[PDB]
Amino acid sequence: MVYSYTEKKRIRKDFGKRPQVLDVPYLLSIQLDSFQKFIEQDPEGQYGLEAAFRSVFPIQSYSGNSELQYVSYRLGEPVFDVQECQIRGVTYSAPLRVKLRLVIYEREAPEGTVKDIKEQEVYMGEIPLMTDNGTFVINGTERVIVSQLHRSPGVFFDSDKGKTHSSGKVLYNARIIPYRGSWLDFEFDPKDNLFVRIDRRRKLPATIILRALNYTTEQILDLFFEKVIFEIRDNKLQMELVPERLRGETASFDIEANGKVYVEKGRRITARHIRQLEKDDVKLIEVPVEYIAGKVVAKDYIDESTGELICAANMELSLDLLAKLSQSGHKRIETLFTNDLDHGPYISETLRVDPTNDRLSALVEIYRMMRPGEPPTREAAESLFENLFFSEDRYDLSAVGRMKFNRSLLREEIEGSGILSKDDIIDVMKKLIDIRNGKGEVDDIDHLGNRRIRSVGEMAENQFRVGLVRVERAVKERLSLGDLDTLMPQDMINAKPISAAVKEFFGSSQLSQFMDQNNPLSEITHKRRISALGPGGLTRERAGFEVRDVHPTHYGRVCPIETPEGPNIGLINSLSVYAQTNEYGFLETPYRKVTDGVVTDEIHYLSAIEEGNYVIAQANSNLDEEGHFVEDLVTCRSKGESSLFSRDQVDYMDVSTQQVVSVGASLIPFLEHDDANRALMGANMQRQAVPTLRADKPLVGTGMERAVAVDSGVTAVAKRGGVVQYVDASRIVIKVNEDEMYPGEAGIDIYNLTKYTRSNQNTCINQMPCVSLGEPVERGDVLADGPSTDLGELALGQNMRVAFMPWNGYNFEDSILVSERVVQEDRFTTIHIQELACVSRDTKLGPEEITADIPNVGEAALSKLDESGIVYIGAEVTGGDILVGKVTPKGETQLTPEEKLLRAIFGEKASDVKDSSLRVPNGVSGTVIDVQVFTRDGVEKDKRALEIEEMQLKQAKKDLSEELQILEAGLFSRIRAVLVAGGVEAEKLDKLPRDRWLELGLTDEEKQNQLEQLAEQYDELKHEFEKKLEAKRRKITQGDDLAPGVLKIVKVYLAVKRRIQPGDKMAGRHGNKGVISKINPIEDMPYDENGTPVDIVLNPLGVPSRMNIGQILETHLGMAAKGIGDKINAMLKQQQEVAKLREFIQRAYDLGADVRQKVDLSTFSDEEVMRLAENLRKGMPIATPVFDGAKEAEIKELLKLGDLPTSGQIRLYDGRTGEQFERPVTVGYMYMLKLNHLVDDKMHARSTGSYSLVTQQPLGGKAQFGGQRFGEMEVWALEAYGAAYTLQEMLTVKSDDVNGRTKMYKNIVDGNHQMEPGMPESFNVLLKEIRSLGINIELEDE
Amino acid sequence: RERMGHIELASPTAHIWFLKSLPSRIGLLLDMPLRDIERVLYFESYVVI
Amino acid sequence: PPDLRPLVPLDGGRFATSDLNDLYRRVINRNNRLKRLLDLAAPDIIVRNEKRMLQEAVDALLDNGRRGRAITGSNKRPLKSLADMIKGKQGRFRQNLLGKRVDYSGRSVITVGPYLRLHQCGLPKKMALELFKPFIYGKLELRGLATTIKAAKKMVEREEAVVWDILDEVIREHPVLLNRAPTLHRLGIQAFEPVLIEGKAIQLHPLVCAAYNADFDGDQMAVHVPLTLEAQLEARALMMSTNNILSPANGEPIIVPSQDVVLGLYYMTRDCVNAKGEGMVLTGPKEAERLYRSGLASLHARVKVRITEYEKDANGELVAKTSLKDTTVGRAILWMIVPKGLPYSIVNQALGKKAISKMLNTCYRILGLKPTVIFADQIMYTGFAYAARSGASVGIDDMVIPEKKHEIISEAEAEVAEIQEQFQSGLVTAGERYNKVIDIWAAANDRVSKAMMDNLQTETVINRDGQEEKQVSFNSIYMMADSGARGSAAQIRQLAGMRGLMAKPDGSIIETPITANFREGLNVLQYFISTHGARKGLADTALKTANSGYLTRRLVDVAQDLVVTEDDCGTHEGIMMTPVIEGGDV
DNA sequence: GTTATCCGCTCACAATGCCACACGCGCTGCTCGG
DNA sequence: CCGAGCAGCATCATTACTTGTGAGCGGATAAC
Ligand SMILES: [Mg+2]
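Residue numbers (the deposited numbering), protein chains in the order written: chain A, 1 to 1342; chain B, 99 to 147; chain C, 246 to 831.
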């Protein structure tokens, strides 16, 4: 009904009752949206380049009235392009030019400029843009930066439960972290004392910083404590009263008010006593003087005429001191509420501990504290403080920082200052004191609302600003020293540090990494990857066992399944499918706005905390077809929990079942019947798949294939719809539909499909054009399947006919037995493309040479080479052989001019040859398929280089030739259909050729006029085509950048066709990994009673333990699928009438109970139905959503549609015995991948060879042909047995003791087995190394 | 592989190991606070002998 | 010396400037400068500060650690001190002295190849040809077919079949060492007599792969050829697998048939009530075997067979009682393997996994060693054979859901419902309400588990020449569980019956358990909580691996010296070993 | 005051093994040098 | 003049939540 011109080719049958409301979003929302945020010209300065500028600028001089500010910026254009940058080995750069202005203000006068020069577009660094696949192209390869996940810059509260002082002294520290600058914290002493502190310095008595903020002890206490006033009346030391105040704890005496005795003699003020005391409305109490015992005083007291302190602020107030002050006054006394339940005297106790009491004294205190050993002066401490905070330059909380701060302090202004302030500090302190009290509540650090993600954009601009502050300092100082007005604002900056910073980030960072580009799914799931490591983030060693856990706020926000098993679990998560990043950097999830009783399609992108406040329904909760829950007590989740609620108790339903799992996990069929502890490894294995020769659709898919394929870059999606003018094995030429093209620009577009090209993991990527010729495609369709893709559907492995039964133990534990047929059909035989780069340096002896001639090696080792040394494209090379071909300048110090002059003319080419050729590393065979050549300009070219240059020139010329054809055709059509208007010329424009149409003679006013018009147009057309052809010519034939003296980098490519073979690693999509164990002959395999064998024989005993029943179900469905397939096959073997087949396929598609899709097969033209059938003969694909799978009843119905038994179990017959098995086995069609762990990369041995220099121990690695690391535990295992001589020789003569091992080799070849243990050379190394210190160490005489 | 060389330090100098590996062997040897020996090695103080 | 701190170049004038060279450059530069100042009139403060700087430099050279940092240029990381070249896992001690990278043998990934005997092991022809290359040259020279090492290399490079059978001869008895990557305990490294196979994989007997804790998930194993004669004879004497059947930790047999073979036997030694052939009389195990192979009778039907269970009454003797026992043709066939030792009563039962361990242990105790290894080999062979002949296969309709489970749930559900009333009406406190929900859910879980079992373990209902009988089930599931083959009922009841409760991150228990199961789907939240649990488990393993590694390292270090040297200390002080009691049973 | 006592704080010191693969590893205004 | 080598550099604040444990030291805390 809405099916694409491509979907009609193979319409996937789909289960899933829930009608999805919101389609899956563009799977690369993060990268593209965020890099747009970073790169585009933002007129707001909220973020992007403009924000970094507004921060760093306006740079000011040494108050020399010479500032240098900006107005705006712009971006240059990529001198190369993605394919050009990708093959030539250059970054996808982008020139950065900025609009600056250096103004200088007159002196000594008010503001205004008498010295100024305007400079727009001064060049500063070159940033790598984001190619439309959301990746980057650093030099040569293609790196990707994963999104980080770090604690939201702000303020929060930790408890540290009993893990110190071990006596229930949980200290509620509170830390404030900015987006930039030294953070701050407050701690509770294990004796209940506050302590302000910087990131990690000596713990200061907290109130110091309060005193640092210009606070008087009076005003100090006035901000954290009550005031129990004492309006001293004529007698009895009057005060105020609110019964909650005296509620507290045990009382000490009757506190009679007005004479009425409420508080009985003794103690234990009861809630009822409080209640009646409130009933009486008391407002005074006579009070005994001794009642005031601690009662720390607030107001500092001085007599009316002595000036001296008589009762000091915050020391004490008691009998003696009260009687003392009562000899001068008074009429006002106030003290501080004190209690162990609430209003603890923490501020007072800290002020007791407080060393200083004066503001400037406080500044010098903190000045020593932060950095000791330095002159504590007023101005220095003041600068240090008011530039530690309050400094927009050296500090900024954040925008989101300010938001999270204000919210965590129950503030109102959602957006405000990006900088701290005294009120914010005292508010943090107050809330902290409350946290110590019963009030307030701590908040975890794992709640997603506290951990924001941070894309490539923000991080990139951050590295930009960091590399920018240093050039800011430099240009400030150079503006200071140098002549103020003698220059152009074009050189005071040095962009080399900027380029260095940005290139170091994008090139060598813990986060940046070249894409896991061997599998479209792997690539996708690697772009939308969330990490917690890297700068600002925690590291895996000290990661803590807790954080790795999943937190209920993850549901729908970040996948709980996809996670690399190993050291870093939980620290490397994958974004959920429907998820999205917030406007701040938080994780929002879409929900459906549940109204009174209707579940409207209205969606809302809830944040984390917003979700927390609300109630969330369940996706699986079925509906009454009008937004109303069929049930009454529906399961739901409100605050990190799960509970039932009434239909009117909910506010938000989930959007769709899929939103919980990873995009990779989404590809797993029958997930809901599987356990997580195995689906995890399933998702990982799925990530590590490998493309094959002819990838094919997976039978049991999850419908996600369209998205994950198209939203990747691997498939060349058609941009603008049209007709397929010309297809080919490598090039596609689409004539645009007559509408969606600009007025000019006939613009018949060309898709150049990348042929076999290396991967970042040495896997061939090849796009074959899946589209026919003449068929019309619409906008955004598939025109070329990428690697391991089919018809625009992610096709990872192969659908194999598989049975679940033991087989002579050849599938003993989990090993997988196959049939030679799966090899003969090449079902898994894959390709691997690896490169070898021979470089040509320029030694002081002289630069390199790639000449074909080699002095020593024979023609046999040279026959594979050309006149230029580089091998012919296609010569089958074997291991050890020489690709090139480059000799070196060997000798020196001859200093015989009488021979030098000879060899100046006779041997300048034959003086110091040394054949440092490039040979294929021994072990790897393969066919050469390509030779890339990079030359240092000046040195002309090689014949090979020139040939490749001209070949690529001709290639690029072909497309422009086509466009010239089409424009020429249009214009000659115009000249015919216009020249006809007169003459008459209507019979000569068609039999007479195009000889001189531009010169045919007719009338002048408009006809010869039109001839003139189209003449100039045709000639300028030819001219512009010549010009752009020459432009491509230059851009192609120009030399390339090669900084460190390198002439000819010759890269050679090698393609090996690695067939499957025992030892390789195969796995289904349910973590049921295994090793292929035997290439059993075709006949020996079990076979169904209709003759058809079974390809793979798995092991059933793996299922109950691994507890992944899903795969089994899949297998059944598989057969069912294949069933339909063969049925159609029969319908196609004999030429069955169409209408029959049409009705049959229709009925097959209408088999589900209540499926979301209703294909009609009407409005399908007859040959379209036949095409569809032809693409289904190999089995009707079946789509089942993740969490709305086809209930097994529908699988039974489907199997019943085919002629296959409902039990999904078929009797067999061993090909060996010929008899049958009892217990009818289960056989179906399961999907099977092949991982790039194939044995060829592992199996290697070492008899004798190279040896390390620092120690005469053998090298390591198959690449170095090295041995094995007989490590500690192997030594222990040996010495656990006797194993004396074995371990002995293995330590001394096997792989050490050069004399000993040489003697061993020479003695064993003579047929004698005897060891000559000498001394491990590494032990001599250790002795010499210790002796490198004053530590004398010898060998004892005896 | 065996010939070791030597450098004539223009001035004497302390061996870090015996000086900082807790407990400082020099400190225990002299009954001297390690802080003092540190502050006198790095030329900041004056030890009278 | 210059050697031990080499300056290796690159393709061009790029040299790997080892940190030692740079620190030496720095310190010698300071020294030269300071001396040049000393002769040049020595401004006092300047020579003072320069002495301080030189002290700092020599300090950094001996140890970049203390007093601050001396990180290298262009790479924000410290420079390798001398001490660095000693300490840590990179210093010469833990990197080249104790465990040094050996040179002589091989590495690959493994597969099963169960045709081979217990002491054998697979070996790829390529690895073999590469390893014994010296022995190859030796046998070639001694055979004169190549009297020059150069020609020997040529021949081994051309792989003329002469080299092939020469190799076959040269390793005819030459043992070799298979080694798992993390060698936890003494078995981590073992010996085998290799045989030649194709491909690049390393076949090995299954039982010993269960010994290594060696799964076949792609786990790579290393190989090590012992070369000197003493070493070869040693490896044959001590670390050959056939000499390590009792784990040195506990004297229990380490070579136990784990899975895919126990299933075979358990299926064989079972008893279908009315199967084809019930009631006959068989003239010996070979007779019943012939009967079964010709398909004239089931593999497990009750019959009467005459058997001569040999017996060692007194030492050395062997009596033979030709009794007439009632058994099944399965057990009758399996009896053909016991080596004239054990009485028949050890084969007559269902013969589960624990029963197999019992059988092997008593065979070893009664008949020494060699008959036991032969018995184990034969057991593995016949187990695989009859497992394949069985065709045990798990289909979706096997794991039958107990139909009443639904009802049970609702009851418990209705239960908790009114309990909410008990709280919604404030008649009961919150904590007791929580505990009561937990308890009713646990009770419902036990009831549904027993329902699933009672509907599974004896689900079969058949007839013998008559009305009806109830025999233990022949379902694929519970043929793996009850046999002890793979996974216990604690997983089956998790599969078929209710999955039960699950754990919060802290360890608390969620109120509403997973009403669902695995044959039925799961609501999203259910899968989410299951994920909670599973991820907790995985993280636990991922950390405990390294922690246990470090712990066992400290262990092996603190006791690396105890070696039994004297024969009898001749003392009397002993500790009073007592049967332990803990408040419960012993 | 002495005299030792203990305690808060500081600083050093440990972090599974393998593998495999990948990537990368001075600079920068002085020095020299013609 | 201008490219190629080169000599000693915290290159300001370059910050940096714990990891868990042990030992020692400067200084509070109490007995004689
Ligand atoms: Mg494994």
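What the hints contain is simulated information worked out from the structure, not anything from laboratory work. Certain hints may be false.
Unchecked claim - List time: in silico DSSO-like cross-link candidates among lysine-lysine, alpha-carbon distance up to 30 Å: (1) A:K1242 <-> C:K398; (2) A:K191 <-> A:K99; (3) A:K914 <-> C:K399.
Status of the hints after comparison with the structure:
1. Distance hint between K1242 of chain A and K398 of chain C is fulfilled; the C-alpha atoms sit about 24 Å from each other, no more than 30 Å.
2. Distance restraint check for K191 of chain A and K99 of chain A: the Cα-Cα separation of roughly 59 Å exceeds the 30 Å cut-off, and the hinted pair is therefore not satisfied.
3. Restraint check: the Cα-Cα separation between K914 of chain A and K399 of chain C comes to about 26 Å, which is no more than 30 Å; the hinted pair holds.
Consistency note: the structure conflicts with earlier hint 2 alone.
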